[PDB]
Amino acid sequence: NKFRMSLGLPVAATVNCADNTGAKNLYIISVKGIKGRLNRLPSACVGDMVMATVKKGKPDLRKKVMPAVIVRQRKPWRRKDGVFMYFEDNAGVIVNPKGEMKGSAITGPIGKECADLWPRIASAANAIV
Amino acid sequence: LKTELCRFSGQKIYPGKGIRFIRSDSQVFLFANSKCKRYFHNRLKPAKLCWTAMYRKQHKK
Amino acid sequence: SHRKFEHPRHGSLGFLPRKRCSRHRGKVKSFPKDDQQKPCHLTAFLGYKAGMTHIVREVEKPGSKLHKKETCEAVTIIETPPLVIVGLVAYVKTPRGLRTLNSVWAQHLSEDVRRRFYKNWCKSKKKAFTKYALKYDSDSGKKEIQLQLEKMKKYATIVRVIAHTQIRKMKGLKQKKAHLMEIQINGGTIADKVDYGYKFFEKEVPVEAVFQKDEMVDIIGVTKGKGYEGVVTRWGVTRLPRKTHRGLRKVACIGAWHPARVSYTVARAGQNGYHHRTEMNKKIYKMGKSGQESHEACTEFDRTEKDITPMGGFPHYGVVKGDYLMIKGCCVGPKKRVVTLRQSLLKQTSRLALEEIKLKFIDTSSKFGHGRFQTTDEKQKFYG
RNA sequence: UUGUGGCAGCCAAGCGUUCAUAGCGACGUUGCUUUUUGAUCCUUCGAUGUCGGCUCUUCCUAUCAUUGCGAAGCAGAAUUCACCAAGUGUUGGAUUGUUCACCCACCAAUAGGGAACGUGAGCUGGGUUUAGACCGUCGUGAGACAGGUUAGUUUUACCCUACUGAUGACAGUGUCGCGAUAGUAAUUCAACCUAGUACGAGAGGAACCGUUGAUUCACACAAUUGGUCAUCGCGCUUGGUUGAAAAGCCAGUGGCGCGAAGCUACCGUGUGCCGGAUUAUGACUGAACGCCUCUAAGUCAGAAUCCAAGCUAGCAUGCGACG
RNA sequence: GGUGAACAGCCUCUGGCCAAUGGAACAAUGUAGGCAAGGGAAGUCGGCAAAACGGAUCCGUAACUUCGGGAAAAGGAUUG
Ligand SMILES: [Mg+2]
Ligand SMILES: [Mg+2]
Ligand SMILES: [Mg+2]
Ligand SMILES: [Mg+2]
Ligand SMILES: [Mg+2]
Ligand SMILES: [Mg+2]
Ligand SMILES: [Mg+2]
Ligand SMILES: [Mg+2]
Ligand SMILES: [Mg+2]
Ligand SMILES: [Mg+2]
Ligand SMILES: [Mg+2]
Ligand SMILES: [Mg+2]
Ligand SMILES: [Mg+2]
Ligand SMILES: [Mg+2]
Ligand SMILES: [Mg+2]
Ligand SMILES: [Mg+2]
Ligand SMILES: [Mg+2]
Ligand SMILES: [Mg+2]
Ligand SMILES: [Mg+2]
Ligand SMILES: [Mg+2]
Ligand SMILES: [Mg+2]
Ligand SMILES: [Mg+2]
Ligand SMILES: [Mg+2]
Ligand SMILES: [Mg+2]
Ligand SMILES: [Mg+2]
Ligand SMILES: [Mg+2]
Ligand SMILES: [Mg+2]
Ligand SMILES: [Mg+2]
Ligand SMILES: [Mg+2]
Ligand SMILES: [Mg+2]
Ligand SMILES: [Mg+2]
Ligand SMILES: [Mg+2]
Ligand SMILES: [Mg+2]
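So the sequence lines, in the order shown, correspond to chains GA, OA and DB. Those letters in the first sequence? Residues 12 to 140, by the entry's author numbering. Those letters in the second sequence? Residues 3 to 63, by the entry's author numbering. Those letters in the third sequence? Residues 2 to 385, by the entry's author numbering.
Derived by calculation from the structure, the hints in this document are not laboratory data. Certain hints may be false.
Derived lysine to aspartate or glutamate pairs resembling EDC-like cross-links, with alpha carbons at most 20 Å apart [stated by the list, open to error]:
1) DB:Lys-70 <-> OA:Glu-6
2) GA:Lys-13 <-> DB:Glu-71
3) OA:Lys-4 <-> DB:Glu-301
4) DB:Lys-284 <-> DB:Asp-215
5) GA:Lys-13 <-> DB:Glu-59
6) DB:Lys-170 <-> DB:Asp-113
7) DB:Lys-94 <-> DB:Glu-151
8) DB:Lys-70 <-> GA:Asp-92
9) DB:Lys-284 <-> DB:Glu-216
10) OA:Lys-14 <-> DB:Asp-303
11) DB:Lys-69 <-> DB:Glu-357
12) DB:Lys-66 <-> GA:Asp-92
13) DB:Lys-329 <-> DB:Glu-297
14) DB:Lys-94 <-> DB:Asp-35
15) GA:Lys-91 <-> DB:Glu-71
16) GA:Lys-113 <-> GA:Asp-71
17) GA:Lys-91 <-> DB:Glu-59
18) DB:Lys-380 <-> OA:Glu-6
19) DB:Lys-127 <-> DB:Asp-113
20) OA:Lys-4 <-> DB:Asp-303
21) GA:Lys-13 <-> DB:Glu-61
22) OA:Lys-14 <-> DB:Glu-306
23) DB:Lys-136 <-> DB:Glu-151
24) OA:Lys-4 <-> GA:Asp-92
With these hints in hand, go ahead and build the complete structure from the sequences.
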């Protein structure tokens with residue numbers, strides 16, 4: 012599948028919301044696939060599906076747990092040609108358990124490791140880099 | 003070979019090296035090393051640093 | 002009184018005692034099982050870790066995301082000038098184990114290998130083997146040496162060659178006292194093995210005659226020494242809260258009341274590093290032989306004429322002038338350390354093992370500071 | 001000791017749409033266990049630091065998941081009962097001092113226990129458990145409270161041993177070796193292919209091989225990236241100071257920027273292993289018993305198992321070959 | 001004396017000292033003092049400890065109020 016990347020975003024990290032859904036701000040509460048280890052916080056990286064709450068935004072989206080996908084991280088990570096690439100901010104988009112985006116558009120760049128792993132986000136993406 | 007250029011200092015970047023920044027406007031900045039990267043984020047202007055490629059063409063050095 | 006929450010144990014009990022190694026040269030603790038239909042080959046060398054750098058290559062691995070893509074990988078360079086075979090040792094199977102039956106040395110031994118037998122060469126008389134040498138100049142003496150060969154052919158179950166390094170050809174190593182070891186001959190009969198070893202006394206073995214391209218090899222040696230280390234770094238246990246009286250960097254409980262003893266399984270402070278280690282399946286990316294194009298760092302895609310040595314030389318090593326060997330990944334030991342390359346004991350069958358390597362670029366920019374030129378003339382012509 | 005707590009048997013009236021025993025099991029009855037409590041008062045009152053958590057290791061099996069199987073009211077998928085099995089794993093959080101509990105979430109799974117109810121010269125001190133103080137009930141009162149509340153000192157190792165490392169004598173001195181014994185380590189998941197296939201009316205819906213990855217752990221290493229500065233390396237700068245300029249110095253590292261080298265991070269990179277004997281179980285041959293029968297004699301296949309190999313040590317007051 | 005609102009802190013002159021056993025080296029564990037990518041209380045009984053803020057000039061300042069306050073509220077801009 013994908014290669015392993017520097018995990019940037021532990022639980023309690025609060026991320027920007029890059030879609031036209033009305034959520035402003037996602038709050039990671041867990042990461043899908045994390046079989047834990049004593050005292051180690053579950054962490055996410057670009058293309059990782061997470062569970063999150065909405066702490067700023069529309070009333071109908073708040074106070075509910077929902078799946079999201081990380082699209083941007085500030086933590087540098089090593090591409091497999093050698094470069095260490097990173098973004099200006101942390102971002103993710105609201106999806107279903109099957110990966111379908113709740114919104115319709117994405118604002119800003121998208122990590123290539125995410126677009127190749129979620130084809131519905133890939134479709135809505137502006138510039139995949 | 004397929005070299006690449008530093009967006010800040012204007013030097014050649016050889017394969018397997020460099021730091022690639024993505025800015026909110028989707029513009030890609032590729033730096034040669036961490037000296038360039040820290041001056042960039044400190045908001046220095048590579049035209050005012052004497053050792054840069056932009057500076058040298060601007061003063062015909 | 003069960004522990005509330007469980008987590009795997011810190012550290013491995015399989016590398017105890019974590020003491021200083023009793024050896025500076027790495028010891029081959031097992032040779033590849035012999036296959037009498039193979040021709041007589043050798044199974045190990047002594048190299049010197051020169052330094053590291055990185056390649057960029059292109060992958061062929063159908064089904065992988067890296068297929069038809071580039072990749073960057075660290076590599077280590079081991080300088081491996083030819084070995085010189087000075088002796089032969091025979092082994093015989095006994096109920097207690099393997100036993101040395103006899104041994105024959107070459108007539109001429111260099112000053113370097115003879116330094117190996119002294120702890121102060123300079124103020125000695127340098128008499129080592131000065132009388133065994135005379136066995137080569139009298140027919141009664143020649144008779145013995147020839148008769149010893151017959152005895153090995155007659156009874157040996159295993160034959161090994163004694164070889165020393167040409168330590169003098171690495172001026173960066175401020176060493177004149179060569180390293181000496183036994184290397185087992187595999188393949189052929191015992192009569193074949195004895196002929197192969199003796200026939201080739203006083204001569205040089207390149208690394209080509211033993212190791213090939215893209216084969217997997219084990220590397221043996223002693224790791225870097227770090228002195229006396231506490232439990233947090235030596236064993237990897239977690240730190241205690243900030244507000245602990247008498248210190249954070251320890252293990253809170255070293256055992257229960259019963260047994261009324263501290264167990265060997267608990268983490269303690271002590272020596273860290275300078276341990277013997279055998280490290281498997283380090284792949285060979287490139288063999289560099291002095292006098293051919295394969296020595297320099299010019300690929301089929303990059304033709305810039307440059308040597309393997311980075312600008313300013315390998316740090317804390319010097320300049321690689323002789324034969325060398327390019328391994329994927331990292332190597333036990335610091336720079337300048339003698340390493341033991343050993344043929345794999347296993348069968349290599351997996352797709353990684355069979356994979357063919359084609360380099361596209363070798364970084365020879367300086368490993369001091371942030372290197373930015375590949376050659377000195379590139380630098381000189383850039384500036385003025 | 002075992003009433004009580006927990007686990008397990010036997011018989012079989014009934015349930016299980018019909019069928020005592022697939023899965024259960026009433027009325028009865030036999031045990032085991034010693035993480036409960038009760039009962040007792042044997043040890044300790046010239047003192048064995050008294051809850052919990054944190055940290056770390058080890059051990060048990062009454063097995064939750066992981067491996068191999070047997071049964072079913074097992075079509076498939078899922079689920080249930082049982083066996084061999086303790087090799088590996090059993091998490092992140094909200095509230096509570098809590099053990100316990102209970103929700104949120106992930107997960108293959110979030111099993112159950114012991115070690116002076118492991119672990120205070122290991123911590124912590126939230127609770128409880130002195131002296132201050134408030135409330136409520138009780139008391140004529142001093143005061144009481146197995147009621148609630150708030151503030152309240154956590155001492156010592158340099159000894160012996162254990163453990164971890166470090167020298168070292170005992171056939172002159174040195175080099176190369178052998179290898180008794182002791183330790184030991186790898187782990188689990190996912191995506192694609194098989195496959196919308198088997199199975200099935202449909203609804204649903206697998207797996208082996210093959211491929212590519214990832215988790216937990218372990219051992220190294222520093223080419224790149226990141227971290228680190230008193231390179232006091234270069235630059236700038238506040239205050240002072242040497243009449244000034246230049247050059248510096250002081251403000252315990254004056255401060256800031258960049259900073260090689262070394263060290264170092266799942267925050268970086270690499271690597272992590274082949275034979276044999278078998279368990280459960282299914283069988284072969286084949287009597288006892290003209291048939292039958294995995295068993296009696298003789299054979300077979302067989303596992304996250306055990307023993308090897310491999311890896312670490314090897315003063316084993318062991319040994320070999322040479323100079 | 002200088003800086004400055006300042007008997008603050010910091011440097012200097014008069015005057016006074018360098019009296020605190022020395023030498024070598026720079027392991028663990030300490031103690032005192034720093035810095036740390038991404039995240040930001042998930043740690044913990046509990047933000048304990050640390051970090052962040054901080055001078056001055058201009059602007060602007062809510063609830064509530066015993067009308068005296070709150071108030072340096074909050075929130076902005078500037079500074080050689
Ligand atoms: Mg924890
Ligand atoms: Mg416990
Ligand atoms: Mg447990
Ligand atoms: Mg490590
Ligand atoms: Mg304390
Ligand atoms: Mg370097
Ligand atoms: Mg009982
Ligand atoms: Mg009972
Ligand atoms: Mg009594
Ligand atoms: Mg009593
Ligand atoms: Mg008492
Ligand atoms: Mg006492
Ligand atoms: Mg007593
Ligand atoms: Mg005691
Ligand atoms: Mg059992
Ligand atoms: Mg104690
Ligand atoms: Mg208290
Ligand atoms: Mg009181
Ligand atoms: Mg009371
Ligand atoms: Mg002590
Ligand atoms: Mg053993
Ligand atoms: Mg750096
Ligand atoms: Mg560095
Ligand atoms: Mg049959
Ligand atoms: Mg003034
Ligand atoms: Mg003053
Ligand atoms: Mg930080
Ligand atoms: Mg908190
Ligand atoms: Mg909390
Ligand atoms: Mg917690
Ligand atoms: Mg709490
Ligand atoms: Mg505080
Ligand atoms: Mg207020």
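Starting from DB:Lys-94, check that the Cα of DB:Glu-151 is at most 20 Å away, please. holds (17 Å)
Are the Cα atoms of DB:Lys-380 and OA:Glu-6 separated by 20 Å or less? holds (17 Å)
Quick one, are GA:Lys-13 and DB:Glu-59 close enough, alpha carbons at most 20 Å? Given pair GA:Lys-13, DB:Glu-59 holds - Cα atoms ~18 Å apart, limit 20 Å.
Are DB:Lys-70 and OA:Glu-6 close enough, with their CA atoms no more than 20 Å apart? holds (17 Å)
Please work out if OA:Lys-14 and DB:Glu-306 have their alpha carbons no farther apart than 20 Å. holds (18 Å)
Taking only the CA atoms, is the gap from DB:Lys-69 to DB:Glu-357 under or equal to 20 Å? Answer holds: DB:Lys-69 to DB:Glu-357 is near 13 Å, not above 20 Å.
Please work out if OA:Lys-4 and DB:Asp-303 have their alpha carbons no farther apart than 20 Å. This hinted pair holds, its Cα atoms lying about 9 Å apart.
So if I understand the rule, the pair passes when the alpha-carbon distance is 20 Å or less; does DB:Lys-127 with DB:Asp-113 pass? Judged against 20 Å, a Cα distance of about 12 Å means the pair holds.
Run the distance test for GA:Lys-113 versus GA:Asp-71: straight-line Cα separation, threshold 20 Å. The hint holds at about 13 Å.
Starting from DB:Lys-70, check that the Cα of GA:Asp-92 is at most 20 Å away, please. holds (8 Å)
Compare the distance between the alpha carbons of DB:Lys-284 and DB:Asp-215 with 20 Å, and conclude whether the hinted pair is satisfied. Since the Cα atoms of DB:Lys-284 and DB:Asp-215 sit roughly 6 Å apart, the hinted pair holds (cutoff 20 Å).
Would the hint linking DB:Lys-329 and DB:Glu-297 be met if the CA-CA limit is 20 Å? holds (18 Å)
In this structure, none of the earlier numbered hints is contradicted; all agree with it.
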